[PDB]
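What follows is each chain in one-letter form.
Protein chains: 2
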Amino acid sequence: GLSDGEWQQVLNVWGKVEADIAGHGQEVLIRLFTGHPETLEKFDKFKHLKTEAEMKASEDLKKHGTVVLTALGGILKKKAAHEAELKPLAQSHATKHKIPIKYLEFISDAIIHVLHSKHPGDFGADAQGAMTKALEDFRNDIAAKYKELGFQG
Amino acid sequence: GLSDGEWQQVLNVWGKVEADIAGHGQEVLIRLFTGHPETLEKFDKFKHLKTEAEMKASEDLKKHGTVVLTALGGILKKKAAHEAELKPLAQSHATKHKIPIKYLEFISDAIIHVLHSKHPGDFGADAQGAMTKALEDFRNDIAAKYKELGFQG
Ligand code: HEM
Ligand code: HEM
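Top to bottom, those sequences are chains A and B.
Just so you know, we're using our numbering here: the first sequence kicks off at 96 and counts up by one.
Just so you know, we're using our numbering here: the second sequence kicks off at 96 and counts up by one.
Among the clues, some could well be false.
Each pair may be met inside one copy or between any two copies, as identical chains are not told apart.
Calculated cross-link-like contacts (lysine-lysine; reagent style PhoX-like; alpha-carbon spacing at most 20 Å) [stated by the list, open to error]:
1) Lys-242 x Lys-157
2) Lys-173 x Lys-158
3) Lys-242 x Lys-158
4) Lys-240 x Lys-193
5) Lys-242 x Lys-193
6) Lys-197 x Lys-151
The set of hints was computed from the structure by calculation and includes no laboratory data.
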C-alpha cells in the first residue's frame with residue numbers, strides 16, 4: 096500500500112499530466128508501442144503505423160492516449176479517496192484499539208440485523224446479500240491494511 | 096466483489112441510515128455489546144456499563160455510534176465510487192480486448208518512463224516509487240476483477 100504522502104504525490108503528478116494530457120498520452124502510447132511492439136497488435140486502428148513519426152502524426156492515437164490517461168487518472172483519484180478514509184481507521188484499530196477482524200464481523204452482523212429490523216421493506220434478501228458482501232469487502236480491505244502493519248488480528 | 100447493481104442496493108439502504116444515524120448507531124452498539132460482551136471490554140470508556148438502560152442513558156455511547164456509522168458510510172461510498180470506474184475497465188479489458196496483466200505492466204512502465212522524461216525537475220525517486228506502487232495497486236485491482244470474471248489475465 097501507499098502511505099498518505101505517497102498518494103498525495105501521485106495526485107500532484109497527475110495534475111501535471113492533466114495540464115498536457117494530449118502530449119502525455121501520445122508519448123505513453125508511442126513508448127509502449129516502440130518498446131513492446133507486440134502490444135500494438137491489439138489495436139486494429141493503430142497497427143498499420145510502422146514508425147515513431149507515423150505514430151506522432153496520428154490524431155486518433157493521440158486521442159486514445161488521452162482516453163487512457165483520463166480513465167487511469169480517475170481510478171487513481173478514487174483509490175486515493177478511499178484509502179484516505181480506510182487507512183486512518185485501519186491504523187487506529189490495529190495499533191491503538193487492537194480490534195480483531197472477528198470483532199469487525201460481529202459488528203457487521205449487528206449492522207445487518209439493525210438494518211433489517213428498522214427497514215424490512217427496503218432490506219429484502221437481495222439488499223441484505225449486497226450489504227453482507229459490502230461489509231465483508233470492507234473487512235477484507237481492513238485485513239489487508241492490518242497485514243501491511245504486521246497486526247495479525 | 097460486488098456487481099454494480101449490488102453496490103447500488105448498498106448505497107440505497109445507507110440513505111435510510113443517514114436519516115437517523117445516531118439511533119441506528121446506538122442500536123448497533125448495544126446489539127454488539129449484548130451479543131458479544133468481550134467487544135465491550137475493548138472500550139475503556141464504556142466497559143463499566145451493565146444494563147440496557149445504562150447503555151441507552153450514555154451520551155457518549157450514542158455519540159460514538161454516530162461516529163462509527165458516519166465513518167463506515169463514507170468508506171462504503173468511496174469504495175463504490177472506485178468500483179464504478181474500475182469495473183467497466185476490467186470488464187472490457189478481460190472480455191473484449193483480452194489484455195494480459197503483463198501488458199498492463201508494460202504500459203505502467205511506459206507511464207513512469209514518460210513522467211520521468213517530461214518532468215526532469217520533479218519526479219524524483221520517492222514520487223516515482225509512489226507511482227510504481229499506485230500502478231501495481233491498480234494492476235492488482237484489475238487482476239482481482241479478472242479473477243471474478245473468470246478471465247485468466
Ligand atoms: C493504464 C492502463 C489502461 C487503461 C486506463 C486503459 C483504458 C482504456 C479505455 C478507457 C478504453 C476505451 C473504453 C474501453 O474499451 O474500456 C480502452 C480501450 C482499449 N484498450 Fe485500454 N487501457 C489500458 C491499457 C491497455 C493496454 C496495455 C492495452 C493493449 C496492449 C489495451 C488495449 C485496448 C484496446 C485494444 C482498446 C480498444 C481500442 C479501440 O479500438 O478503440 N489497453 N482502454
Ligand atoms: C464498522 C466497523 C467500525 C468502524 C467504521 C469504526 C469506526 C471508528 C471511529 C470512526 C472511531 C473514532 C476514530 C478512531 O479512533 O479511529 C473509532 C474508535 C474506536 N473503535 Fe471503532 N469502528 C469499527 C469497529 C470497531 C469494533 C468492532 C470495535 C471493538 C469491539 C471498535 C473499537 C473502537 C474503540 C475502542 C475506539 C476508541 C473509542 C473511544 O474511546 O472513544 N471499533 N472507531
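Hint check results:
no.: 1; hint: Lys-242 x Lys-157; in the structure: neither (41 Å within a copy, 31 Å between copies)
no.: 2; hint: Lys-173 x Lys-158; in the structure: neither (23 Å within a copy, 29 Å between copies)
no.: 3; hint: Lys-242 x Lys-158; in the structure: neither (41 Å within a copy, 30 Å between copies)
no.: 4; hint: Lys-240 x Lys-193; in the structure: within (13 Å within a copy, 31 Å between copies)
no.: 5; hint: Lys-242 x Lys-193; in the structure: within (13 Å within a copy, 32 Å between copies)
no.: 6; hint: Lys-197 x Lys-151; in the structure: neither (55 Å within a copy, 25 Å between copies)
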